[PDB]
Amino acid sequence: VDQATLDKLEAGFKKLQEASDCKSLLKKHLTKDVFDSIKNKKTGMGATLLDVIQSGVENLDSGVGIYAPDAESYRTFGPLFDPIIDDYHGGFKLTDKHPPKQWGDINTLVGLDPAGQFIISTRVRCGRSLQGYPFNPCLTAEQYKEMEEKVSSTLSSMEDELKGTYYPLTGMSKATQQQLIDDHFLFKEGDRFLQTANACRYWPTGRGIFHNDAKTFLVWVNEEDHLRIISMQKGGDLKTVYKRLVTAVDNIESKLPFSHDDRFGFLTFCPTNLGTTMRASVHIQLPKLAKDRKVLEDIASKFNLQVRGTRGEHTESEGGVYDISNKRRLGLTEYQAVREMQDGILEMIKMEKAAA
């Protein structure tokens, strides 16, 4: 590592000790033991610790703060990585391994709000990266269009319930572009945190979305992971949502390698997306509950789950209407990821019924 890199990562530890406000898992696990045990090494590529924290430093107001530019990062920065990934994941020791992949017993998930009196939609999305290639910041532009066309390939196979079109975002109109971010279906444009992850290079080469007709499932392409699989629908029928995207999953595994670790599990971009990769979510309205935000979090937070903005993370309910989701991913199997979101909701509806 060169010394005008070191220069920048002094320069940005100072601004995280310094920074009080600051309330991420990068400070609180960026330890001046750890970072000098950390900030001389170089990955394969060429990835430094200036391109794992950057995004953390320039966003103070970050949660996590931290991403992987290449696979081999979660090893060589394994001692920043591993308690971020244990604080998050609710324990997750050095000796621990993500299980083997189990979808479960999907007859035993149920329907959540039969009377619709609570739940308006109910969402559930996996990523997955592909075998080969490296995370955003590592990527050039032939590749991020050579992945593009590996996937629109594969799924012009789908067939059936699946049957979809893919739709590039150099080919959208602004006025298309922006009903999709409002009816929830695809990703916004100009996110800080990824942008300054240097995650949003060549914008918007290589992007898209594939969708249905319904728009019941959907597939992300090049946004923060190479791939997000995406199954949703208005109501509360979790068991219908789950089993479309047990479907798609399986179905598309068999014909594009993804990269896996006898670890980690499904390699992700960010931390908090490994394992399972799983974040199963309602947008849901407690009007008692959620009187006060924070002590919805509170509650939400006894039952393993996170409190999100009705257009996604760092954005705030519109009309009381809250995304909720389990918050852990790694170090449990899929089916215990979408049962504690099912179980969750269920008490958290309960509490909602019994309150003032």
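Positions refer to the first chain, counted from 1. In this text, the rigid core denotes the largest set of C-alpha atoms whose superposition between the two forms falls within 1.5 Å. First, how it differs from the form deposited in another entry.
- Just one of 101, 184, 201, 150 moves its Cα by 2 Å or more between these two forms on a rigid core overlay, and this residue is 184.
- Put the two forms on the same core and the Cα of residue 244 is off by less than 2 Å between these two forms.
- Superposition of the core reveals a Cα shift of less than 2 Å for residue 256 between these two forms.
- Core-superposed comparison between these two forms: the CA of residue 141 stays below a 2 Å shift.
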Contents of the next structure:
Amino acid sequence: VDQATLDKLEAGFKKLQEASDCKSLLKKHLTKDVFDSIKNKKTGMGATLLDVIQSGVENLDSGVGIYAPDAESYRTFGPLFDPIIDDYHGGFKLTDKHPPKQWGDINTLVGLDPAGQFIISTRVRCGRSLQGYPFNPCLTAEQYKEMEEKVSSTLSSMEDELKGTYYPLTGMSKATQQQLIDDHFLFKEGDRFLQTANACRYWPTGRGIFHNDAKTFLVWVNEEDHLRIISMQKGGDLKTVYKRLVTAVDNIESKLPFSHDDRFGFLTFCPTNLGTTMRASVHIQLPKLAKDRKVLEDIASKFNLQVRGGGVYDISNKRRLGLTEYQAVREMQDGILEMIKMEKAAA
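What does the same protein look like in the form deposited in another entry, given that the last one was the form deposited in one PDB entry?
The following holds one chain only.
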């Protein structure tokens, strides 16, 4: 790698070492021996260790502090990624492998709480990188532009329920921005952690937003990953929300191959994603379980779910690695149904 890069890498490692109060996974796992073993390495696309650790060096208060500049970096800088992934994901050994992709048997799924006594809204989100492209820290302007062209064409040719409009950030009117804001569909340049990761260069070339006419499907193009893909609606029909997502992702893939890894699953810009990259969530009211939160948390543990809170909660999959997409949606289905049962049964 270039001397200029080595210069900053050495300075960065020293800064991390000297930051007594730093608690980032970057500082924890970037040992001298690991640093030396990879600092001179570079991916086929030309990413260096600096393109991985920049953000965490500049922002010492980062929880994790590393990003992936391309697909290959997960391997090339594996000596750093492996331990960090293991730590953040709560146990993913060197020999562990994420299960092959599987949407599963959608027939086994059901709509939740149609009466609407508990669930306010439902959404399932995932993310995808496109085969053959570097990730955010390493994309050029030409690459951003060319990618958006292919993504825009693909999304704009979607039909029926998924039919909708693509809005490039490039040249977006003030009226359009305000309409997307009212819908909360708009995004903009990221915070300091993204900026310093070089994730927001050449803004807003290649950045765009797609949603279907029904406003139950939304795609962000080149915000954090190449694609952030969301299905949502009011009420608790998780089956329908999930099925819509599956339909759209399959449709996109048929035209644009995804970056996938036999061990880490779907490769993303942030290593905290990976695996299914999928987060199914419901916004739900459980007033009675709210006064005995232990019962709730124990239920959530049983199904590997995360509870964010009174009585109103955002409940979601805790895991991205080590399970199938099907297991993800089923655990939410099973877990929410159990919570509803215990809510009804409570005093």
